[PDB]
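Here's a solo chain for you in structure tokens, the form solved without 5-phenylthiophene-2-carboxylic acid (JMG).
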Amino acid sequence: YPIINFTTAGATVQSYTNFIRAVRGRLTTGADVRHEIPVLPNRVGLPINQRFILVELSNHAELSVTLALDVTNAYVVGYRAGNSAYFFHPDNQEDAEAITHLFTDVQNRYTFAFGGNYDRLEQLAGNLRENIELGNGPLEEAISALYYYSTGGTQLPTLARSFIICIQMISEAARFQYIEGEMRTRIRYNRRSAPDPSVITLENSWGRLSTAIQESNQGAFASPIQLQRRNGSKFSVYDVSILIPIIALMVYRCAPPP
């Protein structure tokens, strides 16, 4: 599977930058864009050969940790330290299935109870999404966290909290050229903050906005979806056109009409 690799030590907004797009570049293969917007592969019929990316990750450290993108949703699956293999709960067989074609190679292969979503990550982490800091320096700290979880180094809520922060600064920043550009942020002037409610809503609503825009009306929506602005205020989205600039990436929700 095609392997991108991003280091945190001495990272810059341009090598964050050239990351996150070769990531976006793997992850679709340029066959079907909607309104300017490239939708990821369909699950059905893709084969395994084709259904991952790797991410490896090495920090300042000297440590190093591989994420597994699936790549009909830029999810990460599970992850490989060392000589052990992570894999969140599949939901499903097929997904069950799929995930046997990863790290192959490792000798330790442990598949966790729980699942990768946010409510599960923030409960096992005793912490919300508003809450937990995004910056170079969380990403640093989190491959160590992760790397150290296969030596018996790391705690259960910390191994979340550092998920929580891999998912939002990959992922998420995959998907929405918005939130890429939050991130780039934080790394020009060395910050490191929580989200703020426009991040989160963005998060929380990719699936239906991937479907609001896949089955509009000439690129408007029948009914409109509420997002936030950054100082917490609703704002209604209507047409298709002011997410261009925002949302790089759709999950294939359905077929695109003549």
Given for the second form:
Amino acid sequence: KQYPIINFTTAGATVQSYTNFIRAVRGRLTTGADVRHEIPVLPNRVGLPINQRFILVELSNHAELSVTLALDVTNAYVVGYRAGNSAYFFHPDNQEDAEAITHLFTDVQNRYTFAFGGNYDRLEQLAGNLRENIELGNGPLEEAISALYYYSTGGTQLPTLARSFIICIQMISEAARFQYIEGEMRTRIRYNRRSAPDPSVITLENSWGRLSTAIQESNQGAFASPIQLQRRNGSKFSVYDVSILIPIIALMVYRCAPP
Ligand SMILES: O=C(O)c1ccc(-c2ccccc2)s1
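In place of the form solved without 5-phenylthiophene-2-carboxylic acid (JMG), output the structure of the form solved in complex with 5-phenylthiophene-2-carboxylic acid (JMG).
Okay, now the whole complex, with that chain kicking things off.
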């Protein structure tokens, strides 16, 4: 009947509980993954059966409100969510993805497709805040969960919804994609902090697609051409090989490889 579900709560959340959570999310994302090379490759969307296409992340907080994000296993990204008897989806990019999401939350009474996609450029626009001025941590996540829930009752305004997506996507999807970003979150939880992401986190997130390409197209682990990233202080540097990123990137979107 149902896609795999991972549960997380911000209520009493620890370094350990967040760690177990991201571990479980990666576990479900990589059931069908190619794990025979240096970095796990998520399943190819082409030909992937619909019953293997999604996982669900059920989030709860101190207020014991609950929402369920749907993640696409082919890119680890949030495609939509359920709150109560309503489901809300980002605008799909093509007809195959639109058809795919009709298989999610099939029991809800109310289904809605937003006009907008879930990319950061658009979400930041809707939120009126760049990622660099949106705080991440257990506090922001707790508040994002309530805001997501109350969207369904008319009690959350759309800019707050968008900000809340930005928080959730980074703390769940990007943390699953990158050990580096998981560590950034882990440190926030460890010292009970909330703070916006530094440029290293932001450019990793921006570069995930291109890194996945450069890695899977590489020859003897060597990139066809460098990819520029940023340190935490904003300074730039280049990456030329796959091995140096094994500790940094945990998962990759399927990419084809050269002749
Ligand atoms: O001192 C620093 O801030 C850093 C050193 C290396 C960093 C990094 C960032 C993204 C990917 C791989 C390494 S950040």
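Residue numbers count along the first chain shown, from 1. The term rigid core refers to the maximal set of C-alpha atoms that superpose within 1.5 Å between the two forms.
With the core held fixed by superposition, the comparison between these two forms singles out 33 as the only member of 33, 48, 194, 61 whose CA moves by at least 2 angstroms.
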